[PDB]
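Okay, so here's just one chain, in structure tokens, the form deposited in one PDB entry.
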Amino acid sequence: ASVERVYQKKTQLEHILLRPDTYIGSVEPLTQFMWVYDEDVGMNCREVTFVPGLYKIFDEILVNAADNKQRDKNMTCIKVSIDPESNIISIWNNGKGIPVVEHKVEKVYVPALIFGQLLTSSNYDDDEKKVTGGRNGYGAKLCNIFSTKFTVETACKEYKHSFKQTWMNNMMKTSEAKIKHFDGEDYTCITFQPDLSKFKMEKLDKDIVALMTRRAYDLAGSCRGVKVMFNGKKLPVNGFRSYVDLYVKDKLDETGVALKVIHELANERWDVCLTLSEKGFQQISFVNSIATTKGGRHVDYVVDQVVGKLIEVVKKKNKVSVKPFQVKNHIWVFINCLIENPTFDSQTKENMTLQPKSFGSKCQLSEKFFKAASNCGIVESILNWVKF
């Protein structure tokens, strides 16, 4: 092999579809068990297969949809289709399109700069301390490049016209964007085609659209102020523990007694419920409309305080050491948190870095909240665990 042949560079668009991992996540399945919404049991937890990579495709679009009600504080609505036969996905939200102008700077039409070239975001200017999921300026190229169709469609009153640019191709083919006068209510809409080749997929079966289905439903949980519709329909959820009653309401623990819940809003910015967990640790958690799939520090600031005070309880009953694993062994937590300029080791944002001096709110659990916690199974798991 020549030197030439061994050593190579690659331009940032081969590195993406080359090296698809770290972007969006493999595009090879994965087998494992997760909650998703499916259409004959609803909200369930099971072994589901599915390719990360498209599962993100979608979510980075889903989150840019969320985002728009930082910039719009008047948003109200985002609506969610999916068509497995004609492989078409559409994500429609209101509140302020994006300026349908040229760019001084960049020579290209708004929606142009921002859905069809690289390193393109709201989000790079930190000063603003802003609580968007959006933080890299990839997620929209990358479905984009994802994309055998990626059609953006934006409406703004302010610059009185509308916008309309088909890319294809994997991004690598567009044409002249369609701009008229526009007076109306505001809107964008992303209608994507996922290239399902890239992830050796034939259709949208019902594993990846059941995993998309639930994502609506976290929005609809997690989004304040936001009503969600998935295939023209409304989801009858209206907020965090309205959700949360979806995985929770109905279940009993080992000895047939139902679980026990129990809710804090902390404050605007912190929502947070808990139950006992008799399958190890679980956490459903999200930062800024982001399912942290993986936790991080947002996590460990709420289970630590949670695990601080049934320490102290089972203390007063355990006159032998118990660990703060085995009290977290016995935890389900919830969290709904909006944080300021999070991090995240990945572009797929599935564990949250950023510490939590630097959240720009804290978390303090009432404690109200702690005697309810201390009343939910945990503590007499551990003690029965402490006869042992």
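Numbering follows the first chain given and starts at 1. Between two forms, the rigid core is defined as the largest C-alpha subset superposing within 1.5 Å. Compared with the form deposited in another entry:
- Just a single entry of 83, 205, 183, 128 exceeds or equals a 2 Å CA shift between these two forms, which is 128 (rigid core superposed).
- Core-superposed comparison between these two forms: the Cα of residue 26 travels less than 2 Å.
- Relative to the superposed rigid core, residue 346 undergoes a CA displacement of at least 2 Å between these two forms.
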The other form holds:
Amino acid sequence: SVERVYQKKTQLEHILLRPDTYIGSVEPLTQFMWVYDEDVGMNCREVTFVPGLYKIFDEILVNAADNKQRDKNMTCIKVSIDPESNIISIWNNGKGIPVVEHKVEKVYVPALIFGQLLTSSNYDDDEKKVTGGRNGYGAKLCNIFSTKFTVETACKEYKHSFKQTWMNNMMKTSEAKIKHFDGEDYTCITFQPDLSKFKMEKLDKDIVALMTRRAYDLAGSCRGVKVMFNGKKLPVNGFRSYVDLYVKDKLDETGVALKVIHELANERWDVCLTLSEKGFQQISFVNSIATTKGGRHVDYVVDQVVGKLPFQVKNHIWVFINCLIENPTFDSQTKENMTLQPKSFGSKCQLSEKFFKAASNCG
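Please supply the corresponding structure for the form deposited in another entry (the preceding block corresponds to the form deposited in one PDB entry).
Next up is only this chain, free of partner chains and other molecules.
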């Protein structure tokens, strides 16, 4: 029959029917990842987790980091995970979201941007503010992949504060609680991922170790923000000290700790380099998004560095990149590989002569 065979779906129903095209695999994947385990901290090991779950988390986390670019007066992000209750909350300060009726869509601005698809402050490519956000899906994707999803924000400029809760995959919602407000701006997103959509029973060791690492990553990647994880400040300040998490207790060929060369080439390019004993490795960030497969920004810096010293060189390089790119593109929705051409990055990276010399004498 024609109406059973040929079907239109709503957007919301399409996301739930085709989860993997929006949030990546909802099936387990086993691979070697850098994670931060409670007892031993930063280590590379075999991890089994669901990419789709990692990704709705990372979406809320990158949104906090974007706010720093939105408002440089932002100083802090708190990340909290309660595995036993199934709760994740991410809090930032600095400017909040205007708590007012949008005059075109006739709803409160936070309602619109967390409750309706294809909504964003980043559709105009006002180049400046190099946010990881771009498409206007991430926050709704978390909401839809959650049994419960709470947005609190307050914006002094607009004199009000906002709270609204969503439930059952964004199919159900309270009315906004709206109040007068004159305090410090904050946004706080609190959600319970819908573990049944990922075939998991609990947030397990492996996913909490992955999620914990992204909080370190934020401390490492996001200049000028303290990060607290479960109520504690992460002892990371500057990129070099984040890199130190990885090279702590690594040896060269002669049993001597690794030497690390660092240059902040400009605001958009922070670069550390040492010897690899394990082939080509890279740790890299674009707009605080972890490009774990890398891409054109890694190629761009590595070609330069390889410039001085053919592809056998690449084989002994361990490169750490923290960069900012205008309108990053990715070869998939899980964003581990950034595909933008160098031409249209909006910046250049020229490492100094001091760095190339310093890079000779390290391995």
